[PDB]
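Trainee: Here are the chains, one letter per residue:
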Amino acid sequence: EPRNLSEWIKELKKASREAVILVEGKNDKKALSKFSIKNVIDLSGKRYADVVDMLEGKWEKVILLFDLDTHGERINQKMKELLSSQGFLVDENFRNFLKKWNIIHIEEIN
Amino acid sequence: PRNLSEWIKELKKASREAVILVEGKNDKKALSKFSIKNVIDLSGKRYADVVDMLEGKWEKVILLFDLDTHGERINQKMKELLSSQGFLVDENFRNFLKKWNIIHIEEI
Numbered sequence: 013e014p015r016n017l018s019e020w021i022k023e024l025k026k027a028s029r030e031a032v033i034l035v036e037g038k039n040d041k042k043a044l045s046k047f048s049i050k051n052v053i054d055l056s057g058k059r060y061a062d063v064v065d066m067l068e069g070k071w072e073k074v075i076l077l078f079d080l081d082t083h084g085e086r087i088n089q090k091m092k093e094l095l096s097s098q099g100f101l102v103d104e105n106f107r108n109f110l111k112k113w114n115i116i117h118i119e120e121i122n
Numbered sequence: 338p339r340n341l342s343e344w345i346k347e348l349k350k351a352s353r354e355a356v357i358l359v360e361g362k363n364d365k366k367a368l369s370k371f372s373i374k375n376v377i378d379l380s381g382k383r384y385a386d387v388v389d390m391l392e393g394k395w396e397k398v399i400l401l402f403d404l405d406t407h408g409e410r411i412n413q414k415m416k417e418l419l420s421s422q423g424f425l426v427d428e429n430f431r432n433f434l435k436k437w438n439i440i441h442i443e444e445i
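As you go down the protein sequences, you meet chains P and G in turn.
Residue 13 is where the first sequence starts when you use our numbering, and the numbers rise one by one after that.
Residue 338 is where the second sequence starts when you use our numbering, and the numbers rise one by one after that.
Where hints are given, some of them may not hold.
Simulated pairs of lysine-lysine, DSS-like, Cα-Cα distance not exceeding 25 Å [as the list claims (entries may be wrong)]: (1) G:350 to P:58; (2) G:350 to G:362; (3) G:382 to P:73; (4) G:346 to G:382; (5) G:374 to P:90; (6) G:362 to P:90; (7) G:394 to G:414; (8) G:374 to P:58; (9) P:42 to G:382; (10) G:362 to P:38; (11) G:382 to P:70; (12) G:382 to P:50; (13) P:46 to G:414; (14) P:58 to G:346; (15) P:22 to P:46; (16) P:90 to G:366; (17) G:397 to P:42; (18) P:90 to G:382; (19) G:397 to P:58; (20) P:38 to G:346; (21) G:370 to P:90.
No wet-lab data here; the hints were simulated from the structure.
Go ahead and model the full structure; you've got the sequences and the hints to work with.
Mentor: The following block contains the structure:
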C-alpha cells in the first residue's frame, strides 16, 4: 500500500495504536520515537519471555520490526515462533514491505 | 597471539579462568567448535542475568561482541555494567580482532 517510506511510517504509526512494535535496540526505539511512534518495545536487555509477560492481557497483536540482516532475521524468526506459540497475532507486513527498498536497519529511518 | 590460530589457543586457555560473553547462540556455537565452552550468549537474557550468573563464581569476563555498531554498543553497555558490579573486564582478545579486521565471531 505505502508508496514511499513516508507513507510507510504514517501507516505504521496508525497501526501502533492497535498493536505493539518490537525492535531489537534502544536506538531503533529512539528512531521511531522521532516520528511519534511510541508503542515500541526493544528486546535487547530482556528475556524473550519478558516481552510475552509485558503483553499478556494487554495487546493481542505484535508488529515485528527487526533489521533485515542475518542477525535480525534470526531474532525475527525466534520471536515469531514464540509469540505465535503464546497466542499472539504476529504482523510481518511492515517488515516485509521494507524488503523492496534500500534499507537494512530500522535505525536508517532517522 | 601472533595469528588467529594462537588467538584461539590463548582464548581457550583464558576461558578456564574467565567467562566469555558473546551476543548470540551462533557465536557460542562457533566457539564450541574450537572446544571453547565457558561462554554466555547475551541474547535472550537481561543484562542483570549475566551478573547474577557470574556473582561469586567468576571474577573476570572476556568481552567478545562483534565489531559492528550493534556489537560495539553492547560491548560498552556490558563493560560499564560488569565493571560497576566489581568484575574485571578483558577487552584484549576483542581488540586483537579489531586489528585483524575480524568483524564477526561467527567468521572464525
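Trainee: Sort out whether residue 73 of chain P lies within 25 Å of residue 382 of chain G, counting only the CA atoms.
Mentor: Holds, at roughly 23 Å.
Trainee: Assess, step by step, whether the Cα of residue 362 of chain G is no farther than 25 Å from the Cα of residue 90 of chain P, and give holds or violated.
Mentor: holds (12 Å)
Trainee: Between residue 382 of chain G and residue 50 of chain P, is the straight-line Cα distance small enough, at 25 Å or below?
Mentor: holds (24 Å)
Trainee: For the pair supplied as a hint, residue 362 of chain G and residue 38 of chain P, is the alpha-carbon distance within the 25 Å limit?
Mentor: holds (21 Å)
Trainee: Assess, step by step, whether the Cα of residue 370 of chain G is no farther than 25 Å from the Cα of residue 90 of chain P, and give holds or violated.
Mentor: holds (23 Å)
Trainee: Between residue 397 of chain G and residue 42 of chain P, does the CA-CA distance stay at or below 25 Å?
Mentor: The given pair, whose Cα atoms are some 33 Å apart, is violated under the 25 Å limit.
Trainee: When you check the alpha-carbon spacing of residue 374 of chain G and residue 58 of chain P, does it fall within 25 Å?
Mentor: holds (23 Å)
Trainee: Keeping to a limit of 25 Å between CA atoms, is the pair of residue 350 of chain G and residue 362 of chain G held or broken?
Mentor: The given pair, whose Cα atoms are some 21 Å apart, holds under the 25 Å limit.
Trainee: Could you grab the alpha-carbon distance between residue 346 of chain G and residue 382 of chain G and see if it respects the 25 Å cut-off?
Mentor: violated (28 Å)
Trainee: Take a quick look at whether residue 22 of chain P and residue 46 of chain P sit within 25 Å of each other, Cα to Cα.
Mentor: Answer holds: residue 22 of chain P to residue 46 of chain P is near 12 Å, not above 25 Å.
Trainee: Given the hint that residue 58 of chain P pairs with residue 346 of chain G, test it: the Cα-Cα distance must not exceed 25 Å.
Mentor: violated (33 Å)
Trainee: Under the criterion that the straight-line Cα-Cα distance not exceed 25 Å, is the pair residue 350 of chain G, residue 58 of chain P satisfied?
Mentor: violated (31 Å)
Of the hints listed earlier, those the structure fails to meet are numbers 1, 4, 14, 17 and 20, in rising order.
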